[PDB]
Each structure stands twice: as structure tokens, then as C-alpha cells.
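The chain below stands alone and is given as C-alpha cells, in the form deposited in one PDB entry.
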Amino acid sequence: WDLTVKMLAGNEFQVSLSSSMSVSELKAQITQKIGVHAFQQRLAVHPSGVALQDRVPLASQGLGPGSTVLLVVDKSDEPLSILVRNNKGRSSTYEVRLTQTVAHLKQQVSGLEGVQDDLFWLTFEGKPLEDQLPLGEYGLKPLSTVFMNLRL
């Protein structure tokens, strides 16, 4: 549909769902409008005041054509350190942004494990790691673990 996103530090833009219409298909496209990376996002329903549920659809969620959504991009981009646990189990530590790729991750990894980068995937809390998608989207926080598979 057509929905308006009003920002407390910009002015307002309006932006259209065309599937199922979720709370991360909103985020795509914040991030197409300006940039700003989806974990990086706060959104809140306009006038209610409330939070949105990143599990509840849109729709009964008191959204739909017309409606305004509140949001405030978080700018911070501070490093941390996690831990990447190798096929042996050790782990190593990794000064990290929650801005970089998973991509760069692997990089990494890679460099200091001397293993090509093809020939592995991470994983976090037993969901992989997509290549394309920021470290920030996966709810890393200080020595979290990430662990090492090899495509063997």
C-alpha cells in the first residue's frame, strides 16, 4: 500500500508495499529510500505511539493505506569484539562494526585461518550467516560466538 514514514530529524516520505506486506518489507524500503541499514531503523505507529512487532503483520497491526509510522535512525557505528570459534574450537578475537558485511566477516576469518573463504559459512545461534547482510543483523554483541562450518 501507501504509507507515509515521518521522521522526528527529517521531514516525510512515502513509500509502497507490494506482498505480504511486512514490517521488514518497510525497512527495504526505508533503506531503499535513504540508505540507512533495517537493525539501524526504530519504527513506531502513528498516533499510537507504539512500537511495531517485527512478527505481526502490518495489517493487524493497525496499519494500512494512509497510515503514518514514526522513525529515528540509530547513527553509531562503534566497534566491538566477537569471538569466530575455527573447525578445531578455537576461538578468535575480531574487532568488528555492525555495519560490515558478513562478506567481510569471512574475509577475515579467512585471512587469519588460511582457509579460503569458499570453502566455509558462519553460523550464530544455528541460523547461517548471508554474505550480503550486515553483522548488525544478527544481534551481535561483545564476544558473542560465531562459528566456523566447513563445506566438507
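Positions refer to the first chain, counted from 1. What changes on going to the form deposited in another entry:
- Shown are candidates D54, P128, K33, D74; the hinge separating the rigid parts that shift between these two forms corresponds to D74.
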Given for the second form:
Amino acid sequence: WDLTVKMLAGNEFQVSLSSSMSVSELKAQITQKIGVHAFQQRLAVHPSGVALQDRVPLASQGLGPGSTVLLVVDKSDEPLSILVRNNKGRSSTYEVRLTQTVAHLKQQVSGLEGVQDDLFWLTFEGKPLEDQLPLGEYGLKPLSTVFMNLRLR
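Counterpart to the form deposited in one PDB entry, namely the form deposited in another entry:
Only a single chain is listed, so you will not see partners or other molecules.
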């Protein structure tokens, strides 16, 4: 499948899906093209103009070979507060931007818990957070709880 992406400001590029044909593959290609994370891509099917739903087959939302989607990028970087439960079980808020890395969150927690950053690890909904990836790739929300655990040695 070759789809057209039309950025609202006006410019057009083309992506190829050949793997899964999901919203993920599409967004991955747009990342390769214009360097913005999946969570920053607001996509809509043309011509209806409705949103593309994440976690739904593209062919289910009326998208086939040669169709075009409309792309708005929303750097989704307005600060929000999240909860961090630490390894002693106590919770406190932390101000973050979904555009920051997990590594940057670990630096904030390191500074306040007094533990070197490589001596602990973080999880959201049980999924271990990778240092290089932005918080928004994990779907964090106002007052989500990241759990901290020690890499006890």
C-alpha cells in the first residue's frame, strides 16, 4: 500500500506500508519522513475527515491502497503532572512533558530519591520504560502512576 499524507499547511509526501498495514506502520513511516513521534501525529481519513483510531486495522476505517490521510502534528508538550510511586511505596507528583525521554524522568527521580539512575528502573502499567523513548510513546496521562524499583544487585 502506498498512501498519500497531506499536511494541513499544505505539503504532501508519500509513505509505503508493506509490513502490518496498521496505524502503527503508517505513523512509523511519517516519523521516518518528518521526525515526529507517533503520539504527536493527529491523523484523519480523507475525504470523511474523521480521526484515524489507533488499534484499528486501516482497512477497517476505510483506508486502502492509494488513499490519502490528513496530518496535523501536535507537539504534545504542554506540561502535565504524573505520579511516581517510589520503591518504598510512597507517591508524589512530578511535572513532565510527554516529549521528554524516560531517561529524563529517571534523572528527576534520581535527584529526589538519592539513587543513581542506573540503579533503578521504572514501569507504567507493568511495562518497563526504555530510557531513550519519550513519555508520550507510553501513553502517560495527568496523574498516571509510574512505579520505581531498584535493580538490586
